[PDB]
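**Q** Residues per chain are reported as follows:
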Amino acid sequence: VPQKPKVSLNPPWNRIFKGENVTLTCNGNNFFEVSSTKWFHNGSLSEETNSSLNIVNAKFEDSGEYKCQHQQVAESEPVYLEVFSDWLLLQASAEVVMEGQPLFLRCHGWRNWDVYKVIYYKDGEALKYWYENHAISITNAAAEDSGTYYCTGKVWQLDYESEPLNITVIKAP
Amino acid sequence: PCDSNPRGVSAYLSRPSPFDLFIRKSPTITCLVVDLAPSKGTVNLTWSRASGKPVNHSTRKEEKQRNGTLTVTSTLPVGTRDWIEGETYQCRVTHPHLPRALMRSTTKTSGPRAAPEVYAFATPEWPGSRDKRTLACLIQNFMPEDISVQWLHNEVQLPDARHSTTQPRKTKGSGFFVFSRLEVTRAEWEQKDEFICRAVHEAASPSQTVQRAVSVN
Amino acid sequence: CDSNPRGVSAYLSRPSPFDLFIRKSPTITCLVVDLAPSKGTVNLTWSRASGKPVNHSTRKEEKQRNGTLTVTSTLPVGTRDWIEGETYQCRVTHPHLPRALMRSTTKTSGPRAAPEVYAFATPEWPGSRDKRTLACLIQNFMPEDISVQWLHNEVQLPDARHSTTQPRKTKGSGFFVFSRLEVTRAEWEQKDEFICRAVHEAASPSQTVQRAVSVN
Ligand SMILES: *[C@@H]1O[C@H](CO)[C@@H](O[C@@H]2O[C@H](CO)[C@@H](O[C@@H]3O[C@H](CO[C@H]4O[C@H](CO)[C@@H](O)[C@H](O)[C@@H]4O[C@H]4O[C@H](CO)[C@@H](O)[C@H](O)[C@@H]4O)[C@@H](O)[C@H](O[C@H]4O[C@H](CO)[C@@H](O)[C@H](O)[C@@H]4O)[C@@H]3O)[C@H](O)[C@H]2NC(C)=O)[C@H](O)[C@H]1NC(C)=O
Ligand SMILES: *[C@@H]1O[C@H](CO)[C@@H](O[C@@H]2O[C@H](CO)[C@@H](O[C@@H]3O[C@H](CO[C@H]4O[C@H](CO)[C@@H](O)[C@H](O)[C@@H]4O)[C@@H](O)[C@H](O[C@H]4O[C@H](CO)[C@@H](O)[C@H](O)[C@@H]4O)[C@@H]3O)[C@H](O)[C@H]2NC(C)=O)[C@H](O)[C@H]1NC(C)=O
Ligand SMILES: *[C@@H]1O[C@H](CO[C@@H]2O[C@@H](C)[C@@H](O)[C@@H](O)[C@@H]2O)[C@@H](O[C@@H]2O[C@H](CO)[C@@H](O[C@@H]3O[C@H](CO)[C@@H](O)[C@H](O)[C@@H]3O)[C@H](O)[C@H]2NC(C)=O)[C@H](O)[C@H]1NC(C)=O
Ligand SMILES: C[C@H](CCC(=O)NCCC[N+](C)(C)CCCS(=O)(=O)[O-])[C@H]1CC[C@H]2[C@@H]3[C@H](O)C[C@@H]4C[C@H](O)CC[C@]4(C)[C@H]3C[C@H](O)[C@]12C
Ligand SMILES: *[C@@H]1O[C@H](CO)[C@@H](O[C@@H]2O[C@H](CO)[C@@H](O[C@@H]3O[C@H](CO)[C@@H](O)[C@H](O)[C@@H]3O)[C@H](O)[C@H]2NC(C)=O)[C@H](O)[C@H]1NC(C)=O
Ligand SMILES: *[C@@H]1O[C@H](CO[C@@H]2O[C@@H](C)[C@@H](O)[C@@H](O)[C@@H]2O)[C@@H](O[C@@H]2O[C@H](CO)[C@@H](O)[C@H](O)[C@H]2NC(C)=O)[C@H](O)[C@H]1NC(C)=O
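Chains as they are written, first to last, in my numbering: chain A, 4 to 176; chain G, 136 to 352; chain S, 567 to 782.
There's no promise every hint is true.
[To be verified] 20 Å max Cα-Cα, derived DMTMM-like pairs, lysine to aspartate or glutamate: (1) 120(A) to 725(S); (2) 737(S) to 266(G); (3) 737(S) to 318(G); (4) 243(G) to 217(G); (5) 307(G) to 696(S); (6) 157(A) to 725(S); (7) 120(A) to 318(G); (8) 305(G) to 725(S); (9) 735(S) to 318(G); (10) 307(G) to 725(S); (11) 199(G) to 128(A); (12) 120(A) to 295(G); (13) 735(S) to 295(G); (14) 131(A) to 197(G); (15) 737(S) to 260(G); (16) 131(A) to 170(G); (17) 307(G) to 753(S); (18) 188(G) to 217(G); (19) 175(G) to 135(A); (20) 7(A) to 68(A).
[Claimed, not checked] Non-contacting residues of chain A with respect to chain S, defined by C-beta distances greater than 10 Å in every case (computed): (21) 11; (22) 74; (23) 122.
Hints were generated in silico from the structure; no laboratory data involved.
Note that beta-carbon positions come from the ideal geometry of N, C-alpha and C, so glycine has one too.
All chains should be modelled from the sequences, with the hints used to inform the complete structure.
**A** What follows is the structure, encoded as structure tokens:
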């Protein structure tokens with residue numbers, strides 16, 4: 004019945020282009036670090052015992068289910084990490100956002116190539132267009148803010164569209 | 136030469152059609168700005184002549200498009216004379232979102248002026264239908280390429296959406312050629328046989344018009 | 567326009583009616599453009615959807631004037647297989663690119679309606695008394711894949727002799743294309759019979775269709 008351990012990503016994006024970098028960290032409800040951390044990848048026990056696990060030049064093999072647990076029985080809710088290789092990737096701070104919390108969308112161009120005329124779509128509607136790339140920053144989540152999103156943009160003068168992404172928002176009576 | 140697409144925002148400036156210029160005798164050029172992004176303030180479109188002589192009042196519409204963008208069109212009335220006499224008009228758009236200003240200009244096309252040659256034809260019936268016959272009109276060896284085709288029928292200038300006219304194409308004779316097609320109904324040729332395929336070009340005399348009659352049977 | 571580079575584009579042409587029924591040796595072509603001097607290969611790979619093997623292909627790499635670099639590859643195709651809806655795909659890959667470039671093509675679908683052709687001929691004009699223009703209208707057909715041409719005394723004129731437009735739709739669910747063939751006096755005295763043939767997937771019985779013409 005106690006507080007379970009949480010996992011944070013930095014940068015937020017749990018979906019990234021191959022060769023990109025990301026870091027997993029296990030909760031601050033273990034501050035001075037009283038217990039070694041144990042990371043689990045798709046199942047096996049990782050050999051890193053520290054509070055934060057790194058990932059470099061992320062290969063595809065690195066995609067998967069990540070979980071960390073301390074010295075209790077319960078283990079962090081799993082965090083899924085997908086590694087892609089396309090022209091545009093739509094990254095989100097969190098796929099399921101508790102009511103009220105902030106949300107971030109980002110149209111990310113491969114090798115961080117410039118993407119002009121980026122447009123973000125929400126349920127087939129044009130949410131926001133800008134001459135250049137830009138992040139979608141939703142300060143306070145809502146109900147309308149759910150639905151499936153995806154972005155389009157020009158990279159080196161050609162047109163591209165990110166594979167679509169679902170975002171859900173909850174309520175607490 | 137590419138300081139013409141500020142922040143990516145492109146613009147187009149259309150030239151008066153032969154028709155709107157000689158028949159209708161009320162020509163107008165249009166400046167169309169695309170890929171603008173919604174904002175608090177509107178753009179600042181400004182029309183001007185190279186001669187320095189003042190300009191008529193313009194029109195302006197701002198249509199938020201489906202793709203999140205925002206368009207702006209502005210049409211301007213133009214003195215039929217001034218234009219043919221080589222005058223030159225320029226469209227200058229300007230908005231905060233923009234670094235350099237956006238400009239585009241246009242004037243009467245140059246070169247040698249060779250009148251149009253037109254020949255009208257008509258198809259024979261076919262086992263498929265006995266009450267539908269097709270018309271065709273070929274206009275060639277002309278220049279510039281700016282041409283306005285159309286049709287008449289018993290003093291009635293048919294609906295533009297009635298015929299299909301192609302785009303100019305060059306010939307081994309330094310002139311261009313365009314084709315027109317106008318499907319027809321039995322009822323209409325019994326009303327009369329005279330079908331006219333007019334043509335408006337900057338050359339052709341004496342009324343800048345040129346036509347060739349046709350008919351079945 | 568200037569500095570801003572443009573990325574690789576790929577296209578894939580379909581067998582012309584002609585090269586498919588007359589010449590009976592059809593070939594599709596994959597054309598890659600806007601490539602740039604790379605240190606790596608640029609793999610082009612042909613494949614069928616049926617899984618059945620493919621003939622050997624051709625390949626040319628022409629450095630273009632605008633600093634770019636083009637690659638074309640033509641592939642021989644079984645006349646039968648094609649008409650029977652087979653499907654071919656061109657896969658190009660460039661080291662410095664995310665996903666691979668692919669394009670495919672197969673026999674156009676829909677209802678097959680034969681072509682209707684009518685040939686015409688202009689009357690002289692004060693400008694010249696030894697030059698007369700021909701025109702040939704082919705309509706109400708579908709698919710839009712059509713091969714126009716001309717004959718003259720058993721001589722299939724040079725493709726560069728006539729100008730044929732691109733298909734356009736009609737309020738009759740079919741398409742229509744126009745052809746123009748300027749002519750010289752010498753030739754009609756040699757004979758009057760001018761033929762404007764047409765090759766379509768429909769028309770019977772030899773998949774050909776023509777209409778004679780002549781002045782006077
Ligand atoms: C968001 O959506 C926007 C629209 O919803 C979209 O804007 C469009 O941008 C394109 C270019 O990116 C614009 O194209 C230009 O169109 C001009 C004129 O538009 C049409 O109508 C004119 C008369 O009103 C005609 O004179 C033109 O011919 C054109 O009409 C064509 O279509 C009709 C219908 O079948 C046909 O009868 C005509 O024969 C025409 O084919 C043109 O003047 C411009 O021409 C220039 O470019 C062409 C080829 O690129 C050259 O050959 C010319 O010489 C010249 O340089 C050009 O075509 C289009 O107008 C915009 N749509 C709108 C608002 O009408 C925008 O791109 C979208 N943005 C994003 C990021 O998604
Ligand atoms: C935890 O569980 C996950 C999922 O079960 C595992 O991750 C999978 O890892 C494999 C690699 O072993 C991933 O597969 C790879 O996908 C790449 C991307 O696919 C895109 O591109 C292709 C081609 O255009 C499209 O068809 C496809 O739809 C996608 O758009 C491919 O490029 C890879 O291809 C290469 O490897 C494969 C297999 O080795 C060969 O068949 C190919 O010839 C080529 O050499 C490859 O297919 C897979 O996507 C991952 N799944 C997920 C959900 O991400 C983790 O590995 C696992 N944890 C561990 C380590 O056990
Ligand atoms: C993801 O992170 C890696 C690694 O991070 C960086 O390198 C490590 C070794 C540590 O020092 C980290 O603190 C540091 O942030 C990035 O890869 C690294 O990229 C750099 C260039 O961006 C490489 O440097 C080059 O090294 C070669 C040969 O070693 C030289 O010839 C070059 O002149 C240049 O110095 C660095 O070697 C490489 N790390 C290794 C050894 O793999 C990676 O770029 C990053 N992903 C991104 C782009 O975000
Ligand atoms: C494009 C950007 C600058 C951004 C910019 O100028 N931004 C405003 C105007 C126009 N846009 C680019 C937005 C239009 C996009 C059209 S779109 O249709 O996509 O909207 C500039 C900044 C530095 C430039 C590079 C280096 O020099 C090296 C090298 C020189 C070669 O010689 C050409 C290749 C290369 C890699 C250069 C490419 C590109 O040149 C760069 C990235
Ligand atoms: C640099 O020069 C080359 C050659 O002029 C340019 O390539 C040309 O690219 C266009 C498309 O942008 C090709 O047009 C297409 O051709 C296919 C083939 O028939 C057709 O199916 C399409 O409808 C379209 O017309 C064109 O064919 C191609 N030229 C060649 C090699 O045939 C290239 O674009 C230039 N680079 C720049 C600055 O864009
Ligand atoms: C991505 O989302 C779409 C849409 O989800 C719907 O809208 C949400 C707000 C929520 O109400 C969901 O319960 C809705 O389903 C999903 O689309 C469904 O895809 C499945 C295939 O798995 C199909 O059987 C359903 O008919 C689709 N529903 C509709 C009406 O489009 C989609 O599945 C999601 N991505 C995944 C996980 O596949």
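**Q** It remains to establish, for every hint, whether it holds in the given structure.
**A** The hints, checked one at a time:
With a C-alpha separation of about 43 Å, the suggested pairing of residue 120(A) with residue 725(S) is violated against the 20 Å cut-off. Distance hint between residue 737(S) and residue 266(G) is fulfilled; the C-alpha atoms sit about 15 Å from each other, no more than 20 Å. Our distance criterion of 20 Å between C-alpha atoms is met by residue 737(S) and residue 318(G), whose separation comes to about 9 Å. Distance restraint check for residue 243(G) and residue 217(G): the Cα-Cα separation of roughly 10 Å lies within the 20 Å cut-off, and the hinted pair is therefore satisfied.
Of the pairs offered as hints, the one joining residue 307(G) and residue 696(S) holds, with about 15 Å between alpha carbons and a cut-off of 20 Å not exceeded. Between residue 157(A) and residue 725(S) the alpha-carbon distance is near 39 Å, which puts this suggested pair outside the 20 Å criterion. Restraint check: the Cα-Cα separation between residue 120(A) and residue 318(G) comes to about 43 Å, which exceeds 20 Å; the hinted pair is violated. Between residue 305(G) and residue 725(S), the direct Cα distance comes to roughly 16 Å. Compliance with the 20 Å bound is thereby established for this hinted pair.
Taking the CA atoms of residue 735(S) and residue 318(G), the gap is about 12 Å. The hint holds against a cut of 20 Å. Pair hint residue 307(G) plus residue 725(S) holds up; C-alpha atoms about 14 Å apart against a cutoff of 20 Å. Only pairs whose Cα atoms come within 20 Å are accepted, and residue 199(G) paired with residue 128(A) is accepted, the gap being roughly 13 Å. For the hint linking residue 120(A) to residue 295(G), the alpha-carbon distance of about 36 Å lies beyond 20 Å, and the restraint is violated.
Between the alpha carbons of residue 735(S) and residue 295(G) the distance comes to roughly 16 Å, so the proposed pair stays at or under 20 Å and holds. About 18 Å separates the Cα atoms of residue 131(A) and residue 197(G), which keeps this hinted pair within 20 Å; it holds. For the given pair, residue 737(S) sits about 18 Å from residue 260(G) by alpha-carbon distance, which is consistent with the 20 Å threshold. Of the supplied pair hints, the one linking residue 131(A) and residue 170(G) holds, its CA atoms being roughly 13 Å apart against a limit of 20 Å.
As the CA atoms of residue 307(G) and residue 753(S) are separated by approximately 17 Å, the hinted pair is consistent with the 20 Å bound. Distance hint between residue 188(G) and residue 217(G) is fulfilled; the C-alpha atoms sit about 11 Å from each other, no more than 20 Å. Between the alpha carbons of residue 175(G) and residue 135(A) the distance comes to roughly 18 Å, so the proposed pair stays at or under 20 Å and holds. With a C-alpha separation of about 17 Å, the suggested pair residue 7(A) and residue 68(A) falls inside the 20 Å cut-off, and the hint holds.
For residue 11(A), the non-interface assignment is confirmed: its Cβ lies about 28 Å from the closest Cβ of chain S, beyond the 10 Å cut-off. Non-interface call for residue 74(A) relative to chain S: holds, since the shortest CB-CB distance, roughly 43 Å, exceeds 10 Å. The Cβ of residue 122(A) lies farther than 10 Å from every Cβ of chain S, with a closest approach of about 19 Å, so its non-interface assignment holds.
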